[PDB]
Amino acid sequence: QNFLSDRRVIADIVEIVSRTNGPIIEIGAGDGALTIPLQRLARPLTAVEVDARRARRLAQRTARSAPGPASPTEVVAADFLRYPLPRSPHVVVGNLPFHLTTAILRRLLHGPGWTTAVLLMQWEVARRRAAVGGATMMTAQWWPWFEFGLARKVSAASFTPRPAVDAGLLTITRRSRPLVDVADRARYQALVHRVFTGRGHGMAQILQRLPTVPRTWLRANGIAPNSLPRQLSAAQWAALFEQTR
């Protein structure tokens, strides 16, 4: 949709991806703005492009710049939302269509194997996922399993055609030691939803009006009674879940 035309952003993404290890899967491969540079990292690479005609053209481009038939990126003409991710370690890299960002993020967050994701998306979504100015409900809902980092802002002028809003480069890393067991994910995410939408002014007031916490719990866990849900850390949410489960 909005193809990346700024080579400096390509350099920045390749720099981040170069510090990771293992196979790479790229979403929204387009004409190969990131695929060709990632292929030069000499690691196994799969490039996913939903437009079959464009994917056929990309397969010719990757093959031409590859060492040769004996040594080789796999180009897949598929919708990433239907693409089965391997259960083995890999890194995901993508330039996401802005209207599909939340759906692709949910697909990845529920998916297996990937240890790092490097994703280009809307600046406002990337800021919220990385908890800039505080966490949002969706960020806190996934924090026991993943960490999020805002690598850089990317102007709408870095794409052709230009999108209506600016973009952000977001990194996501799968925690090797989850803070909450994956089997308790639904119950954990429901608790987070309940606190972010509960009535009351400050954590002390919100936790009193919920159907689940000792009077001494907040301050014992380093939480100011007037604090907002967006100010809690991942460890504090995991401790609240352990307390109310």
Given for the second form:
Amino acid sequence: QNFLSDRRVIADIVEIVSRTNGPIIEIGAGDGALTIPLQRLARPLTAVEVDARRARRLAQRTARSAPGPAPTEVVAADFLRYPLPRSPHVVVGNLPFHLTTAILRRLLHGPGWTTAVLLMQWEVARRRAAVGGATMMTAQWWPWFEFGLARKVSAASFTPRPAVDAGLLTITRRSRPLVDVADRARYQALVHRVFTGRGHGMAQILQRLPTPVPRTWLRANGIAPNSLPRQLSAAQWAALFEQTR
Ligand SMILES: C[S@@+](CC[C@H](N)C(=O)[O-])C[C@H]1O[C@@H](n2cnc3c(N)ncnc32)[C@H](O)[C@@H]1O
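Can you switch from the form solved without S-adenosylmethionine (SAM) and show the form solved in complex with S-adenosylmethionine (SAM) instead?
Complete assembly follows, chain above in first position.
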């Protein structure tokens, strides 16, 4: 496991979390590198740690730095099995790099959380934030969430050092979804179909798929006929879904 040893990254994460509101849930709390600074924000906090012995040591540490018996709940649990509340909350965590996509899927399908502040592999955070264009997974979640790349974090900021660098990713739940959550599976299937479809450019790709789109549709929606699926915006994907509905 790669613990966050760079205090500047801790400061940066706390700064982003401090601009949000509501209870906080932390994934992979470890020894409390983020837990202790987050507890000083005076908001309700749940710290999740799968290592029971480490979780018990963290519960003593959080209780010691807390005002007293008359707050932070340390839970010894696998986050993949932790029930997220349906009420508004903020999620934060330094993710184990091998469980990143499973944790991301668990969160994206989950309720209540309005902002997620996540530390993960740099290449994943980059693709998730659509740096250089969107990947299929980002476009598949774009009607319900917005992704931001807050910063790059070197492997030297962790102890022990991972084999790759890291990226600090922010995710925000849209208050007004671009596509209804009930149409998620059809929407995500359409996005898969456009990204893996044959053809060079959107005009060629949309011609070769089941239930085609009017010839005037691409240019009427501001999309150049030569553009690639990664160049479409969230609004354009939603307009395409509404068209091929
Ligand atoms: C990469 S670490 C970061 C630890 C700490 N927050 C830090 O920044 O120093 C992930 C932590 O999650 C714990 N862990 C691994 N899988 C977990 C899971 N599925 N649910 C909750 N904790 C997990 C590990 O024991 C480890 O302490």
